[PDB]
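The primary structure of each chain is shown beneath.
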Amino acid sequence: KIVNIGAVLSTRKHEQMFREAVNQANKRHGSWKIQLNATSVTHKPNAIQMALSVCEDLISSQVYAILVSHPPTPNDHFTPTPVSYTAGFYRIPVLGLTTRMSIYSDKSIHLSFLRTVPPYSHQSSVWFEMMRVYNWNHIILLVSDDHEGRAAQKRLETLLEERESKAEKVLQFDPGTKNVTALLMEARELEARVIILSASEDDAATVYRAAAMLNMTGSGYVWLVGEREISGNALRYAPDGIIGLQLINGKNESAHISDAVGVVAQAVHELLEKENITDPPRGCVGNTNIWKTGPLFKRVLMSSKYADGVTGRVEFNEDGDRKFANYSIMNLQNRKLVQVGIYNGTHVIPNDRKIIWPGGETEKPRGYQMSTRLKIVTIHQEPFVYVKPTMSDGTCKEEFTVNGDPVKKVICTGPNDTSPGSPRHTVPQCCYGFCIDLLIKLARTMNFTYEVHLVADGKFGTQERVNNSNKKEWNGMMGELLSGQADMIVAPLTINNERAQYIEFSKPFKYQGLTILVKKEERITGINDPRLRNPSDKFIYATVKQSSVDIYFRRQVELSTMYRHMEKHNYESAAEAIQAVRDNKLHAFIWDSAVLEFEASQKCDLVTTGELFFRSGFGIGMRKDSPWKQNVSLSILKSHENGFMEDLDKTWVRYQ
Amino acid sequence: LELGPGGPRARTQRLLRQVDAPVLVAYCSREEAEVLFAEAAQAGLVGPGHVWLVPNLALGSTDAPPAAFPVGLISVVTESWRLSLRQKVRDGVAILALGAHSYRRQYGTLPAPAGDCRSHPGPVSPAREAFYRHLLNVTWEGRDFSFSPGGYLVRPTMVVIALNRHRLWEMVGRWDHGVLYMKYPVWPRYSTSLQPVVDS
Ligand SMILES: *[C@@H]1O[C@H](CO)[C@@H](O[C@@H]2O[C@H](CO)[C@@H](O)[C@H](O)[C@H]2NC(C)=O)[C@H](O)[C@H]1NC(C)=O
Ligand SMILES: *[C@@H]1O[C@H](CO)[C@@H](O)[C@H](O)[C@H]1NC(C)=O
Ligand SMILES: *[C@@H]1O[C@H](CO)[C@@H](O)[C@H](O)[C@H]1NC(C)=O
Ligand SMILES: *[C@@H]1O[C@H](CO)[C@@H](O)[C@H](O)[C@H]1NC(C)=O
Ligand SMILES: *[C@@H]1O[C@H](CO)[C@@H](O)[C@H](O)[C@H]1NC(C)=O
Ligand SMILES: *[C@@H]1O[C@H](CO)[C@@H](O)[C@H](O)[C@H]1NC(C)=O
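Heads up: the protein sequence lines correspond to chains C and D, in order. Mapped onto the authors' numbering, the consecutive letters of the first sequence carry residue numbers 25 to 544, 661 to 796. Position in the second sequence (first residue = 1) + 200 = the authors' numbering.
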């Protein structure tokens, strides 16, 4: 019996070397019972023509196996794809030795394709090891919009997530495009200092140019990419002191061919000891069904662990990839890559050439940079947030309190009463009051500088589906925090489960609850009045949409009927509902205690009712990761034992 | 499951004995579907008190349900599943024609046809993705055929069909894009051959 083994080459030398490798396999095992023969074809620039050649040459003979390598010209990186589909039509195994694209790594489209070298996406694995090397956490991902980029993104996010770690942020960009600096801008000011990247050679050159002209090569900053991003023009545009990743066997196609022939010989010899061996179809025309041992061959080739590899023991993974990879890490010192480490299958050992980081140092810098300048988001609420337009000088007329001290007024930028009727021109008005007072107190306590501005949309925000019932996301300040537009939530906000499910809160700086306002028997009996226990059309009652009480009424399923009334009359702010009640347009308004008794004690034309049925706290809520949590908690607790907010209450809410 | 030719039944049947669900959802090929239906037949999990679900992939010809297929199986397909091939061809030709006519309405020109096989054009011929965009939104006979950015049909109107008590595949309900309809507010659990049982 004679078995044909196919190769796709265009060297005219590795072809004869492949024939010699077939002869070597025969020498190693013997072809007396089962003769072995070789066949070589030449991949052509025209994909249709080369596919036709494969069909009418490699299928015209009952060839059991086929391999392929990349051409020298970088044109048509997906040259094996027609060969892969040709093999797939009869479900034939195929080997690609030189491909680094995760496109071929898919087995839904490429059933029996096997690749010796893992793609660039598997490169991700070493970065994780890099993270273990330097004990870093503040990872920023930058990646192209190509499928390879998304696959690498998924692999690396998986790798970082089994260690209960998460990337600080991810950025996607369109390959081949420019003006990436703007994207870099919105990634420039983040507290992280270690960077990862995935792109193509030209894209790598573009981002290198941008970073160089953006002074991103300074101290603290550092990043790592693959081989194609540190080659040719990309290497030309790369800065010095940059670290790089290298294959142990990047360019020796001959070694790949040798190991491939060896593993093919092992697999076929394991096959020939079995029965029911079906010959591959002879000629595309006349055969239109599946080959039977094809899937069998792939099953026994997953299990094929080829020890006699020139590059070592070749063990395929679950997906036909060489496990325990052999890499190296170089440093680009003075336009040359110099050895700084060797990556054995799971870890790295350094040897020499201590890493000269791009900032000009040789000692390892922390991949983080704490920011004293912090972002502050707020919402208008008169008892806690007084907002007033500034006059011509850029500020507003400051005035002194009854005690004689001036009120501290910060520059808060608001889109000119944000609304459809607003021009959305974000004028810097002045904000002052309770919350601003406690911010400046705790700020001078922690010495950190601050930037204050209220929320854009003026709404609290709730977990809502994206437009057409797509995934859930946060609105308002929670939206800007899960996106990073701000750092803490400084407002009389209501603590709850879902916010705590995504954000965290300190100890509440204020204790409060819920109550109702009406005008001026007919006393609405708190919450237990059938006027509200049973929803009634003649009676109007509502709150602000996308607020905490919305979640309250949503979780209280038995109260859903009143929630049904909510859908008709929900307001957007407090002042207009207050006017409506004063105009008797709204019969009753449910809202938070503190603001409400403040308004009642000030205006006296409206009356509050109902006890604080929902005990709750106004606390500083902010991100789980940042370290200020405990610091701010202990600071506000110290102020509480100092009665500082008691003085603030005397200043703002009491004496009215 | 392995479900390949000559797959070890002990390894599979043992875990099936370890399976205790009354309601199931499965994924496999049509040949794998036949194999697992036989395997569950000797497993006894085909019984009326058992429910199993499957996508369209493990289904062959709707008009040719193999004997291995058990009674009461249910899935969902396109409404055109009862339309003859001629109707499908006519609808496809109509989709292409209306896309081309929309291209003419926007610009007044026919879509440029493709070239031959001895070369390959590099650029995308901006008229071609203009035609693609006008093909991204298709409506014919009230049935929208607007495709997805993923290269397939998005937001379609589906029909849920179920194998009947006579080993006949018939439609039980319809999913109209936000609404479900279906017959049989209870499922007839035929006594492994016929005669559905009244639940206690
Ligand atoms: C490319 O790989 C081939 C193996 O297929 C190398 O050839 C052998 O390499 C080993 C490794 O040192 C040597 O011990 C043998 O003497 C080599 N044999 C021959 C006939 O050359 C080859 O050296 C590699 N070349 C490069 C540039 O990497
Ligand atoms: C780079 O040069 C200096 C040093 O960082 C800085 O002031 C300047 O704004 C930077 N320019 C750009 C375009 O990043
Ligand atoms: C990977 O590295 C090891 C350790 O240096 C070495 O034997 C060889 O380069 C590779 N091993 C295998 C099995 O490929
Ligand atoms: C792979 O190399 C690492 C160091 O690079 C070393 O621990 C060992 O040789 C290999 N890893 C394991 C887990 O054995
Ligand atoms: C001033 O601020 C810095 C950083 O915010 C801090 O390290 C330092 O201790 C502060 N000093 C005082 C007196 O608050
Ligand atoms: C289809 O969408 C295009 C925009 O991509 C639009 O110009 C055209 O009018 C739309 N036609 C229909 C029938 O929706």
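It is worth saying that the hints were derived from the structure and are not from the lab. Hints are not guaranteed to be accurate.
[To be verified] Have a look at the derived ranges for each label pair, beta carbon to beta carbon:
no. : chain 1 : residue 1 : chain 2 : residue 2 : range
1   : C       : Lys275    : D       : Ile295    : 48 to 56 Å
2   : C       : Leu238    : D       : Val324    : 27 to 35 Å
3   : C       : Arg755    : D       : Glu202    : 52 to 60 Å
4   : C       : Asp677    : D       : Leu285    : 53 to 61 Å
5   : D       : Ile295    : C       : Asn494    : 20 to 28 Å
6   : D       : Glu202    : C       : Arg156    : 57 to 65 Å
7   : D       : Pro326    : C       : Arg390    : 29 to 37 Å
8   : D       : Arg282    : C       : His171    : 30 to 38 Å
9   : C       : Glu522    : D       : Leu285    : 30 to 38 Å
[Stated by the list, open to error] Every beta carbon over 12 Å from chain C, so not counted as near; a handful from chain D, in silico:
no. : residue
10  : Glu202
11  : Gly206
12  : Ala297
13  : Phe347
14  : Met382
15  : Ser391
16  : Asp399
[Stated by the list, open to error] Pulled from the structure, derived: some chain C residues nowhere near chain D, Cβ distances all over 12 Å:
no. : residue
17  : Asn70
18  : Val141
19  : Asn159
20  : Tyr261
21  : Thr473
We put the CB at the ideal spot given by N, CA and C, even for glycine.
These are the hints, each one checked on the structure:
Our hint of 48 to 56 Å for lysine 275(C) and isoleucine 295(D) holds, since their Cβ atoms are close to 49 Å apart. Between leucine 238(C) and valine 324(D) the beta carbon distance is about 32 Å. The supplied range of 27 to 35 Å therefore holds. A hinted range of 52 to 60 Å holds for the C-beta pair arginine 755(C) and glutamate 202(D), which are about 58 Å apart. Separation of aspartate 677(C) from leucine 285(D) is about 57 Å and conforms to the stated range, judged on CB atoms against 53 to 61 Å.
Between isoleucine 295(D) and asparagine 494(C) the C-beta distance comes to about 27 Å, which sits within the given range of 20 to 28 Å. Range check, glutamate 202(D) to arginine 156(C): about 36 Å between beta-carbon atoms, so the 57 to 65 Å window is missed. Checked against the given bound of 29 to 37 Å, the beta carbons of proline 326(D) and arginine 390(C), roughly 49 Å apart, lie outside it. For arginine 282(D) and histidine 171(C), the hinted distance range of 30 to 38 Å is satisfied, since their beta carbons lie about 37 Å from each other.
The hinted range of 30 to 38 Å is not satisfied by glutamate 522(C) and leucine 285(D), whose Cβ atoms lie roughly 52 Å apart. At the 12 Å boundary, the C-beta of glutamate 202(D) falls inside the reach of chain C, the nearest C-beta of that chain being 10 Å off. Distance to chain C contradicts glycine 206(D) as a non-interface residue, since its nearest Cβ pair spans about 9 Å, not more than 12 Å. A cut-off of 12 Å between C-beta atoms confirms that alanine 297(D) is not in contact with chain C; the least separation is 28 Å.
Listed as outside the interface, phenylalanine 347(D) is consistent with that label: its C-beta sits roughly 16 Å from the nearest C-beta of chain C, beyond the 12 Å cut-off. The beta carbon of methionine 382(D) sits about 21 Å from the closest Cβ of chain C, which is more than 12 Å, so the claim that it is off the interface holds. Distance check for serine 391(D) against chain C: the nearest CB is about 39 Å away, which clears 12 Å, and the non-interface claim stands. At roughly 28 Å, the least C-beta separation between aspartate 399(D) and chain C is larger than 12 Å, which holds for a residue marked as non-interface.
The non-interface label for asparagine 70(C) is inconsistent with chain D: the shortest C-beta to C-beta separation is roughly 6 Å, within 12 Å. Every beta carbon of chain D lies more than 12 Å from that of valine 141(C), the smallest distance being close to 27 Å; the non-interface claim holds. No Cβ of chain D approaches the Cβ of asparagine 159(C) within 12 Å, the least distance being about 41 Å, so the stated non-interface status holds. Residue placement check: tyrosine 261(C) keeps its beta carbon more than 12 Å from all beta carbons of chain D (closest about 25 Å).
The Cβ of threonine 473(C) lies farther than 12 Å from every Cβ of chain D, with a closest approach of about 45 Å, so its non-interface assignment holds.
Violated hints, in rising order: 6, 7, 9, 10, 11 and 17; the structure is consistent with all others.
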